[PDB]
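Visitor: One letter stands for each residue in the lines below.
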Amino acid sequence: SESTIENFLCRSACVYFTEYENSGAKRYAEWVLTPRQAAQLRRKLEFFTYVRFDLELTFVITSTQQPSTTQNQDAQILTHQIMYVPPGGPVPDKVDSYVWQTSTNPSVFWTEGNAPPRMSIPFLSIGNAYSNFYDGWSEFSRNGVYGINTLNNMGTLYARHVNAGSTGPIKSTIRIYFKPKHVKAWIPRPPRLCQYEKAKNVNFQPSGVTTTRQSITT
Amino acid sequence: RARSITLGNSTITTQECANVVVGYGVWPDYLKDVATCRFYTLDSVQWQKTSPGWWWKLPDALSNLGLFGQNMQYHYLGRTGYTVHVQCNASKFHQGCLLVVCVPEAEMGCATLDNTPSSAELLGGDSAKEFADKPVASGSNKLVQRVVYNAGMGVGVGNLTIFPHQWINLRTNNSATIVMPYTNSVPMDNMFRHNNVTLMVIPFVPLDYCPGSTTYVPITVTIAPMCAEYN
Amino acid sequence: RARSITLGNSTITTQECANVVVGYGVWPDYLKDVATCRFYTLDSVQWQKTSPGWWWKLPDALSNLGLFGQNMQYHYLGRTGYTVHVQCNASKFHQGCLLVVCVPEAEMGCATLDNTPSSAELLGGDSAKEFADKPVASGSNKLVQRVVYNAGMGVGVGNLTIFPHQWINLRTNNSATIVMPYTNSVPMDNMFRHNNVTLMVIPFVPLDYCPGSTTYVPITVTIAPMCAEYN
Amino acid sequence: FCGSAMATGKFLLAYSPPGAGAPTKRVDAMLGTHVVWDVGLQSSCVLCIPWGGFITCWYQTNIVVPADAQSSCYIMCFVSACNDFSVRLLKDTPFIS
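Protein sequence lines correspond, in order, to chains A, B, B' and C. A prime marks a further copy of an entry chain.
Each residue of the first sequence is one higher than the last, beginning at 60 in the authors' numbering.
When you line the second sequence up against the authors' numbering, it's residues 12 to 43, 57 to 255, in that order.
When you line the third sequence up against the authors' numbering, it's residues 12 to 43, 57 to 255, in that order.
When you line the fourth sequence up against the authors' numbering, it's residues 120 to 170, 187 to 232, in that order.
Derived from the structure by calculation, the hints contain no laboratory data.
Heads up, some of the hints might be wrong.
Below, a list of computed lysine-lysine pairs in the BS3-like style, where the Cα atoms sit at most 30 Å apart [as the list claims (entries may be wrong)]:
1. A/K257 <-> B/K153
2. B/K81 <-> A/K103
3. B/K43 <-> A/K259
4. B/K81 <-> A/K257
5. A/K243 <-> B/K73
6. B/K73 <-> B/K153
7. A/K103 <-> A/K238
8. B/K73 <-> B/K158
9. B/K73 <-> A/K259
10. A/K238 <-> A/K85
11. B/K158 <-> B/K81
12. C/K144 <-> B/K153
13. C/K144 <-> B/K81
14. A/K257 <-> A/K240
15. B/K158 <-> A/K243
16. A/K103 <-> A/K230
17. B'/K153 <-> B'/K73
Isolated chain A (complex conformation):
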């Protein structure tokens, strides 16, 4: 009654950490949506071969002041913009680019000091299910990477400060929460014995079957 795949795969799990500054070398965040970065969620999803689900992206944006020597700093409420890029969408090369105005990318505006912004994404795969394990080459004629089918693409996420708050520097952080909804699974497979190495593939280092003991009769 509790071990259903729903109650087993419907937990809000942080999947990203990054920072962007109102003024500075880094002024915007970018992260291609993937459930492979977080090992805790990756290992839970690698129980099944084919999985299909919806998302509920919920961000947590916090701002902290920086150690600067400018005086007479008067802060104004900060506004953050989070542009979701659909697969094949234009990606902002810079912070003040024109792509931040395309009516296709559904950006959500947020003003500091409110309930954290949340949006949902449907099943975007052209195929009929996201495939965790692919056993082929993405390119039709081959000469393409192994096990890298583009059917699982889920788009990219971009975030920036719409308005600089004060003359003094401000650095903000954003934590992206992943919540699969209406989950379905197919073809159960064995749990990953060895520890993960690269989020890109299934490469691993050989590991023993289990912890050893003194004698078989003990």
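Keeping the supplied structure of chain A fixed, place chains B, B' and C upon it in accordance with the hints.
Guide: Leaving out everything else, chains B, B' and C in the frame of chain A:
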């Protein structure tokens, strides 16, 4: 007692109680060329006292073999069921166990963590690629990690029975028959570009015999595609 | 008006009143591979002011062409009907006549009375062998007697209309369609060893045109095997 | 198959139709009409041939025997008319002298 099964022109000899294990409770059906429904008997592989294992990719296993090879060539995409028969003929003074299992979408790890393996090293055409006991060296080679206690996929070999499997114990059993449905996210996929299922045969309990017996046991594998359709 | 006829994947454009002449009052039937029923359009041959004639052997004409060529290769014996279409597109300022005729078992004479001709000289594969006006020299050559007023078989060319024929007069007619039944003493015969029918096209009244017209008329021949079965 | 009861193995009985010559390798014999004969289960195999062709036998697997059993065996082959069989035009036998 023995019995004969005929598909097209080829014929196979099997017992009366064959103990078939259907894939996932589903028998292969058309999506909603009959001349491709025959018993494509592959080669025999000698099982010895030290043999680690073997593994075949069903689509590739039949890439050079006659009508199936010609069809999957011009035709684009398609789907295909399977009926793998593993027959292992050994005496009464021999002993040993085999795990016959069909693993769907078996992605295999590479010895060098940095890169993926090469196509030739991964796919064995018209022959059977085999595992290894000791770990594969990690250099600058696009080789496949062929450790048998990990099976290559990266998971403990013990719990490889989640997949449709069957055990051949040379004490009681002699053969295994596994029916496999077409499992793929996409309705139809290019057979050459992607392989859907991998047949794995692993000797858990080693072969053993007294001196003066046959030095090897010739396992024999027979594939018969069921309900193959193309676009 | 024009009309379209589809067999398999190929399509042909013909008039509304095509005036088909059935072989001997019989339409081709199975003896009591559907994928071989298409319009195998051969090459065009330029008809000029001096062209004597042309002749094709239907079995040989389709020996290299795809499925029909592959089938007649492994398969032993078999039978096949035919539907030869001869289309001759010419202007209104051109004039001339053609005799389109399918001759069964057309045995051809050799220039040297002493011996029979060679296979290459007799059979034209993927091309059309052509007659000649003047008599062929009688030396020590296995050549075929290609005189047009004898047609090669040895009989006066005039009375070659006993066979299922049809006349194309560029004054009124433009094309001919001849259905040919399987005619052989034996129920089934090896297509490669023996040719059953020969298609002959002879220009009785020569082509003629005023200066400033197309120098040639491109005859076009299309074969479509009907009711082909093999053993 | 006239061999010891312990003896086990497999054989490939392939029949090539008239126009084709005898196969050279085992694969080529498999891709035609074939019967995989398992001596361990069935001891006698029957082949009914229509409609000359060729008959070829191949070792799918070597003979496996437990100790104290001979590995060199033998096979015998019987021939017989089947179903319809007609004979016309009586002539003299060529074996008289």
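Visitor: If any of the earlier hints don't hold here, list their numbers in rising order.
Guide: As far as the earlier hints go, 3, 5, 9, 15, 16 are violated by this structure, in ascending order.
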